[PDB]
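Visitor: Read off the chains here:
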Amino acid sequence: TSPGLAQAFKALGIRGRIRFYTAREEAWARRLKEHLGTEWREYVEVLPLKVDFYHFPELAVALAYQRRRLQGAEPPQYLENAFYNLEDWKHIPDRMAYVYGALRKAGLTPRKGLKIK
Amino acid sequence: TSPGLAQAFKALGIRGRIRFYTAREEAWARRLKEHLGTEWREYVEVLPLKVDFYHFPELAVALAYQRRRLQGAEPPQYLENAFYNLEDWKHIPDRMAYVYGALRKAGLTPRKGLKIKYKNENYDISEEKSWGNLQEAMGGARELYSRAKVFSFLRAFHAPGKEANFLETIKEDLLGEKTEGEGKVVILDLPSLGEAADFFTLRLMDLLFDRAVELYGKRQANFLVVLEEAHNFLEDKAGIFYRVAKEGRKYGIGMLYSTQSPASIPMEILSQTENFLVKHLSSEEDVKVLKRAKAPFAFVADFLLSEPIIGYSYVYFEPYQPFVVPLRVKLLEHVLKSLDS
Amino acid sequence: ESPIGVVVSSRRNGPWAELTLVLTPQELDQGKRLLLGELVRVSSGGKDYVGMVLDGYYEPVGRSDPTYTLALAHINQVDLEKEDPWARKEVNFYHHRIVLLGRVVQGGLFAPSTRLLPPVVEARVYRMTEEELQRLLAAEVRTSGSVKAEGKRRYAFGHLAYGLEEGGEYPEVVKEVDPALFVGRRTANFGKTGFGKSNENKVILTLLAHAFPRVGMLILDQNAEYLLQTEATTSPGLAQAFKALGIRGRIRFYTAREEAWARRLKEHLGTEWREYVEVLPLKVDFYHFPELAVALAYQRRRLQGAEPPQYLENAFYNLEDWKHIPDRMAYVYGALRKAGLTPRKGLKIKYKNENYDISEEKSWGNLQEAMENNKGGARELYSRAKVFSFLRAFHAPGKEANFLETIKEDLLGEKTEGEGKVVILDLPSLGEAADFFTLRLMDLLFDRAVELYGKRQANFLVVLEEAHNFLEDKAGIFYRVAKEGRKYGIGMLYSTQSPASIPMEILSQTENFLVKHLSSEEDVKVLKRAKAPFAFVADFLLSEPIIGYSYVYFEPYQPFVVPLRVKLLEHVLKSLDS
DNA sequence: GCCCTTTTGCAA
DNA sequence: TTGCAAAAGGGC
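Chains as they are written, first to last, in the deposited numbering: chain C, 236 to 352; chain D, 236 to 373, 384 to 586; chain E, 3 to 375, 382 to 586.
Don't take each hint at face value.
[Said to hold, decoys possible] Mimicking DSS-like on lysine-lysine, the simulated pairs with C-alpha atoms at most 27 Å apart in a straight line are:
1) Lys285/D with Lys463/E
2) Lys268/C with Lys463/D
3) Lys364/D with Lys325/E
4) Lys536/E with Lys536/D
5) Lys495/E with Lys285/D
6) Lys533/E with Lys536/D
7) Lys416/E with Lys495/E
8) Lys394/D with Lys325/E
9) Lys416/E with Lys325/E
10) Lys407/D with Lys463/E
11) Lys268/C with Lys245/C
12) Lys340/D with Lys245/C
13) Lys407/E with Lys347/E
14) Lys352/D with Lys325/D
15) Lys285/C with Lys347/C
16) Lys524/D with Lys533/E
17) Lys416/E with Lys524/D
18) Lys285/C with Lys463/D
19) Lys524/D with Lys491/E
20) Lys575/D with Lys150/E
21) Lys340/D with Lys463/E
22) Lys285/E with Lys383/E
23) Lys383/E with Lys394/D
24) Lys407/E with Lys423/E
Read the hints as simulated data drawn from the structure, not as lab findings.
Throw the hints in and build the complete structure from the sequences for me.
Guide: Pasting the structure below:
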């Protein structure tokens, strides 16, 4: 029953200082209401944890590489090469266009007007 | 003469909590009958460990692609391409016909009256004459048809007209919305899977872990994983089983692994295990690792080294146990005979 | 039946309890002595333990100056045997250190070590007789309050000994071993070269053959020392032992010098040896096994890595279909001939509808004309038939054997189930391809064994030599076998001569040990680390090069290590003959 | 040291 | 035009 940080801030009277990032906003909001009462919105703000892989394609490549070798082994040579030289490919517009096309084929909705060369 | 889980459950009077997945259900059912009477249907619910690959060509492709690869361990390019494009090919009847023909050429007997459309013509590969016509009549699937001899080993697991996917069945049994609580003891007869045991076990483990991660914030997984000879599966710091051992407490997933050699288990896992049940060890290195992981075992390392006694165990349940207690673990027979009072 | 000395101390040193013993002048003058490593009986408080002398040193007893006394006696030429009894008695003493290993409780059960430290006043040390020694050697660990198993028949292995010391041999004390210990369990046989390793291996194999007639053996004979007595000694080989035991039709010798080996077998066995040994060739005829030839050529690339050629790939995958098209089988045979393999005399090849005898030069030329004047990959194979050049070393016309398949049939044949054949491979006859063939055969045998799971167990034992060479690779087929053979009923018996090279996993998981003299410190250290009970004999192994002296230790229910003088194969054969 | 690349030349 | 062999320079 040790008080949490949000409850401590409630007791101290601090407001508008905690910004909670979660992927289960509904459940966390239910719990926050149950513990802090009706006016919990003053003390805590709940936000999502979603990112645009287009602006962070190294994250996408690393995530895919980690997902492989975790359901088996022997990641593809092409995947390893992309994982280790996407930094090089960053300055090659042709490879960048291929990567963006691969993402769109995967099926990620891109922001409007994202133009390749 | 030590009773098994089924006999213990019969003695305790618990019905409908066991599900035995085996590839020798005939013999296992005969043994269950002989050992449990004429009413063993109320305790053990045998299930098969075979599928019909014509419903799961993706599973067939994955199995072929994930073989041992002796010497040169380079996965076939055509197999990889099929593995990555079969979902798209499922919308092309021509390519699907190529894949079905590749399976049949491999030698997997299909259902009674399978239908194929090579160009625009109905083909019944269940019928030998239609199969011959299609074969004489015969993009991504042409390579698979040419190499269809690779799938020859899938006969040991094929079963026409199954449409089961014991993987999905087990996932539902352990984490289904309808089966919230009430438990389910899932016993896998891994040896009957031959050389596909590793593949199927890893696939099932990652499936269950992903489902549990999905369930976060709503309810806990609430099940236990019993692993035998864990030094084979916990060795790799990137494997799904290492991931489970390191991260399952957050999603309510336990573990119970027997190794017989603490030296092999990673120190990261060793330092983070709560319960211990140590029996005779005959390696100063094993005793050293045990002492390093847990300080209290320094008072019993010597007896562990020097005394090979059967049934004698030292138990230490963290975190609120003062010291290490030696015990003569009670026999399952006595436990059962006392649990009924 | 009386104490050998007086106990003057006791304590717990490390994990073991020790007590000091002192020999009085009267006993030292009666010839009573103790040899390091000897087994003695300790009686403390109505219970009997098992001791083992561990050390010996001289120390003054009471108030006396032995150095000055002895120097003064010497300078006056006083003979301290019949001239100064008081001087002799005041200084004649000697200390010994003993370690308790446990006690034999109930009906043969063994309780390791002890939790009670024995008081000095009530502790007595006795010498142990032959009957007590036998009953001690016949004991092993058991769960609790349980009667003994009363297992199968047992065969004598050796007799206890304490080195080359006179009076240190007990021929009537024989360690009896059940050969089932060697079935499905991996065994280690360490020791220098020429110190009885071959003798003990032959004895073990003979015991298995006589006891379990339903177990096969794959003997990778590197030294050609297991079939017949070498031209260096007189000890019989496996064939001679089997002849003496009257075991018929259980040997299958694969070699490449069949003529010489048959000559030797005749000269050593008589004329009826065909009833015992079947000599078979190690040379294949690729004109009968194009699938084998193509598989070898294709897998050579993969074993060297890199993507194999597409024509080789599709040929390897579709040769079975091509066998129904003579118009393509002609291409395959022509490719082999261009590669250079000599065909049998009278081979006929049917191209289109014509018959050619490629064994003749002019007919081969005409067939070349017809072929050169795209049926699958056959044309590509004929074009690049130079890839099959390397197979000329493995080729011999008129063989039709395919030993790689014959061995698998022999070892895992359902129609052959029962009375396992003793396959003996004469490796030195294969030159530089011996390792390649060994690895290929082992891999294809292990694959078949794993496939047959559930229907039947492999039930055969693998004999290995220079195991440090094959067990060094963690990804090797032999390492995989060492790790997982017991599951599929595949045993092992490897003699390394250098334990340090074998991985710690293999050393720890091994069940049996037969250690002979070791010369290096690293080997002894690794042995002690791998197994605790070998902590007492390290010094003896390091500094006692004795031929035929072995320290045996069989897991998992053996109390301690035993020094043995293994029996000779001749005497074992004579004993079994009765 | 080890592992990919580029090039030339000869099939087809 | 493509596929395959064989030699020599690059990256890590």
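Visitor: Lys383/E and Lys394/D were given as a pair; does the straight-line alpha-carbon distance stay at or below 27 Å?
Guide: holds, 20 Å
Visitor: Take a quick look at whether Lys340/D and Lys245/C sit within 27 Å of each other, Cα to Cα.
Guide: violated, 71 Å
Visitor: Are the Cα atoms of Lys407/E and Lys347/E separated by 27 Å or less?
Guide: holds, 13 Å
Visitor: Going straight from one Cα to the other, do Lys268/C and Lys463/D come out at no more than 27 Å?
Guide: holds, 16 Å
Visitor: Please verify whether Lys340/D and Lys463/E have alpha carbons no more than 27 Å apart.
Guide: holds, 26 Å
Visitor: Checking one constraint from the list: CA of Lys495/E to CA of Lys285/D, max 27 Å. Satisfied?
Guide: OK: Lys495/E and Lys285/D at ~23 Å, within 27 Å.
Visitor: Regarding the pair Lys364/D and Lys325/E, is the alpha-carbon distance no greater than 27 Å?
Guide: Given that 27 Å is the threshold and the Cα spacing comes to 22 Å, the pair holds.
Visitor: Would you check the hint for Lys416/E and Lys495/E, treating anything up to 27 Å between C-alpha atoms as holding?
Guide: holds, 19 Å
Visitor: Taking only the CA atoms, is the gap from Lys416/E to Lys325/E under or equal to 27 Å?
Guide: holds, 24 Å
Visitor: Given the proposed pairing of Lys524/D with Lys491/E, does the C-alpha separation stay at or below 27 Å?
Guide: Satisfied, since the Cα-Cα distance of roughly 22 Å is no more than 27 Å.
Visitor: Given the hint that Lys407/E pairs with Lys423/E, test it: the Cα-Cα distance must not exceed 27 Å.
Guide: It holds: about 23 Å lies between the C-alpha atoms, which stays within 27 Å.
Visitor: Take a quick look at whether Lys416/E and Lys524/D sit within 27 Å of each other, Cα to Cα.
Guide: violated, 41 Å
Hint check: violations occur at hints 12, 17 and 22; the rest are consistent with the structure.
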